[PDB]
Structures are given as structure tokens and as C-alpha cells.
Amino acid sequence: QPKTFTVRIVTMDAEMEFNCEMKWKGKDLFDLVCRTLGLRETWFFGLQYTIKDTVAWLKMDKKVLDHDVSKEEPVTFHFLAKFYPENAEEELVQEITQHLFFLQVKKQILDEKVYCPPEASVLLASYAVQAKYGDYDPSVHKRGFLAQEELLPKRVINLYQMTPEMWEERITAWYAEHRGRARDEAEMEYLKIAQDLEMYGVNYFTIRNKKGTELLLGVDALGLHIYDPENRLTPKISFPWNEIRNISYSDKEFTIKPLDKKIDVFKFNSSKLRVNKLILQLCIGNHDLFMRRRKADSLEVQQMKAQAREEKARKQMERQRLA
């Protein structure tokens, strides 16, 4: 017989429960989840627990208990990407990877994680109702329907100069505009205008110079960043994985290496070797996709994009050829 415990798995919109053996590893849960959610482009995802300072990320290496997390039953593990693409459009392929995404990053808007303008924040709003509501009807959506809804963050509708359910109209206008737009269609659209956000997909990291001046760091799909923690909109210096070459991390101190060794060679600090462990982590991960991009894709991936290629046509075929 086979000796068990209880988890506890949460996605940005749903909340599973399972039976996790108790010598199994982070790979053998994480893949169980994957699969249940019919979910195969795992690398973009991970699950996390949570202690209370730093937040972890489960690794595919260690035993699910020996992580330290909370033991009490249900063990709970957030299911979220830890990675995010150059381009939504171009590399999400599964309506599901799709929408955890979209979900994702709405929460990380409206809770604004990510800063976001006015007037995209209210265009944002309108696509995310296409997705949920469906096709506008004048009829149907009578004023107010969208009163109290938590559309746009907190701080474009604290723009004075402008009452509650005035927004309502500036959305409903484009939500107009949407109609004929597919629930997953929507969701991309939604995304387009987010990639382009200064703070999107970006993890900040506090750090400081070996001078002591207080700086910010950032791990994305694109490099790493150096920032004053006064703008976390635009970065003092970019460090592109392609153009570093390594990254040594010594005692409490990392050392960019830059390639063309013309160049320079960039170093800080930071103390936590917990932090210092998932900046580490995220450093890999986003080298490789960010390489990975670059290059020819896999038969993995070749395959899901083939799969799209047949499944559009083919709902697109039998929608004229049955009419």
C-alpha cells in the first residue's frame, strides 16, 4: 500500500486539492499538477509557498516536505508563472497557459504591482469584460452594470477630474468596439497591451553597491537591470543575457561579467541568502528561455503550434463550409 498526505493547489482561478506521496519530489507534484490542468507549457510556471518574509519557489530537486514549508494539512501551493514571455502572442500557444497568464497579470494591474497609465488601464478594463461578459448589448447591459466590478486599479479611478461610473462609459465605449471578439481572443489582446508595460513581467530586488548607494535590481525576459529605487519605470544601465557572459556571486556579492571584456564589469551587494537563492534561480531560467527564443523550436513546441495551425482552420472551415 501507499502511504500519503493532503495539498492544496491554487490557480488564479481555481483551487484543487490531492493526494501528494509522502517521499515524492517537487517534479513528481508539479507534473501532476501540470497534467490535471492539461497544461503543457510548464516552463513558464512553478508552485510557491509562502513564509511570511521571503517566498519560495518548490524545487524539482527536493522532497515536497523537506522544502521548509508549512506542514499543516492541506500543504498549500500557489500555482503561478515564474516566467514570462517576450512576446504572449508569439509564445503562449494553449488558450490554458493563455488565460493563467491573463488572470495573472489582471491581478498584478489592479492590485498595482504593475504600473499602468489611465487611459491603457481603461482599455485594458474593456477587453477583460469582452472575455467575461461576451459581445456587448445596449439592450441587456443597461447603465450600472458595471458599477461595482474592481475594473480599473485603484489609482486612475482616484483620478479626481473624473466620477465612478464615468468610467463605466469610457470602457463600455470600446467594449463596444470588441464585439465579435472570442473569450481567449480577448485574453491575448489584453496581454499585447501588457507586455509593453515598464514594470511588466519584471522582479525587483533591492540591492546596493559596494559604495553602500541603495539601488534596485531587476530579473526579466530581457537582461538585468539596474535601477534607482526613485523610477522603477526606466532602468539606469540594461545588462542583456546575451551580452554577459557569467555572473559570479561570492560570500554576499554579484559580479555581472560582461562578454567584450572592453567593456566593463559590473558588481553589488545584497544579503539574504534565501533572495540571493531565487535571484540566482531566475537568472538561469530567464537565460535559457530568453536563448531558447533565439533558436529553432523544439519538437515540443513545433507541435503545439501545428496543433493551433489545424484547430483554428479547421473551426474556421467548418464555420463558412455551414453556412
Given for the second form:
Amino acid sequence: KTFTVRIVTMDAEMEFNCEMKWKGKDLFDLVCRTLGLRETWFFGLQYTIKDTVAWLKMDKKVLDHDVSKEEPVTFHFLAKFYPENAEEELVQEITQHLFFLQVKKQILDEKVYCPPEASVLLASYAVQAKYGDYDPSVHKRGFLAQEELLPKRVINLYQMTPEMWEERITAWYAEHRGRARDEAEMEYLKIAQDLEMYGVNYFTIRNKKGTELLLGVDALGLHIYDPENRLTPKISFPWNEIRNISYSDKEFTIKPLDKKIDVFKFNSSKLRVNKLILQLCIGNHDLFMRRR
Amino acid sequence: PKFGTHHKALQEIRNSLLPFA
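Provide the structure of the form deposited with its partner chain bound, given the form solved without its partner chain shown above.
Full assembly next; the chain just shown is listed first.
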């Protein structure tokens, strides 16, 4: 027979009837075609098993995955990789739009840090995209009163009332007259992409001396952070300056192309997480080279 | 774009907000 799956995107919900033998590719190619999304390499189908994310493997049967099989079997369509330059790599309208929504939520949920002034400018493009051009006779004072435009973090940094925020965002909003939906969403993305925590996947690790650290895996390379500073890495390894990443048991080794440069090894305990890290290393490395 | 650039706008926004803390 068939089994029903529910597919969750950033703004919609879909439901598909899958033959029992369907691999990830069957389901994934179908979702992308339905969306008219052509830059498929950025995206994947996500589910979460015991507080660790996992991605649908293409060459694997949907039901051989350890996703909860209680109907409907649910997957979240999300970007797994991020482009180095959004304006140039995101061509389809739906693609730009789903990145916009995935990134905006990261910011409002404070998963991606952004300075107060960046959050105000980002909000103004967000409202421009949703409400179109400004018109003071239609969008009367108080029309953004219940709209969620800023991270709670920035409003707890200022002696400012909500009306003061709304007044400030509206002024910047008015500055974007003439900008179409897609244009405002792309502008939002251009600002967001320069943020330090943008597009980076963080994993807690330990160096051989036993010191607890963070691994950052993003489009440009591997990064090592002190756990209290996710903004600025202590060490970076660009993808082109890396010879190989080997994995064994719970130990990673980063081997630089420059043989005189010491090797960097670290441990991670959870093996589900280590599999994820490798996919993210492999995929990001591939896209990095193919762009060059 | 009357604010010129994003690089300028971010600074305009930061300094006009700076009097609150």
C-alpha cells in the first residue's frame, strides 16, 4: 500500500502518499518539484530523534529511517546549507522566500545573534515585504502593535516603549517605498548573511587537553570557538586549506593541507551528532568547491 | 535610497537609539 507523510515548510503544509519502497530522493524530488524549487542542494527533509536533528538520506528508504512512523510521518522542509552569497545563488522566488522565513525566525528566536541596530533595519524590510509600500492613511498608528518585529533581547536593552519601537520601524519602513516583496526579502537576507552566527552549525566538543569547546561548521570552513563566544572563532580552517577530516570512535582530526601546520583533534561523545557533523562537513565542502 | 547605504543606515540607527539604555 501507501503511507501518508506530512511535509512542513516555513509557511505551508503538504501531505503525500508514498509507496512503501520510496527512498528519500522520491519524496525529496517530489517536494521540490511541487514547490517549483530548483536550488535543491540547499535543502533537505528534517525530523528530530531525541533532541538531535537528522536529515532524510536520499539513497535510503523513507521507512528505514528512525523517524516516528505514527501517521502522518512528518518531515520539515528546511535549508540545510547556506549560500556564500544569497543575492547571486538564490534565483527562484520560493527559494529566496523560504530562506527569508527560515533566517527571520532564527533571528527573532535569538538563535542568530544580531546587534540592536541590525534588528531595526531587518524589521523594516520584513514589514515592507508583508505589507507592501507604506501608506499612512491605511497603516494607521498601532498597526504593528501585535506583529513581533524584534528579538526580545534588543527590547530589553533600551528604555523604550513598544510605540517608540513601532514609530522607529515605521520610519525605516517608509524608506523602502517601491521595493517589491522579493526585493525586500533579498535585502533582509543581505543584511542577515553578514551576521557572525549566520549559517553556522555549532557542536560542543573537547580538545585533547580536555578543554570544552565549540565546533562551527559553515559554508566557508570549520571553526573552533570558546563556548562563551559564538561570534568570533579562535581558530578557522577554510575548506580549501583542509586536506581531510577523519573520524574514529569519538575522535575527529582536522588535517590541514599545510603539513607543517599541526593537526587538530577533538572529541564528541554522541555518535548521532558525529554523523551529522560529517554530512555537514561533506556537503558544505562540496558546495564550496563546486562554486570554485 | 535616502539613507545611502546599509553601512550608513546601521550607524544612523545605532546612534539615534544610543540615548536609551
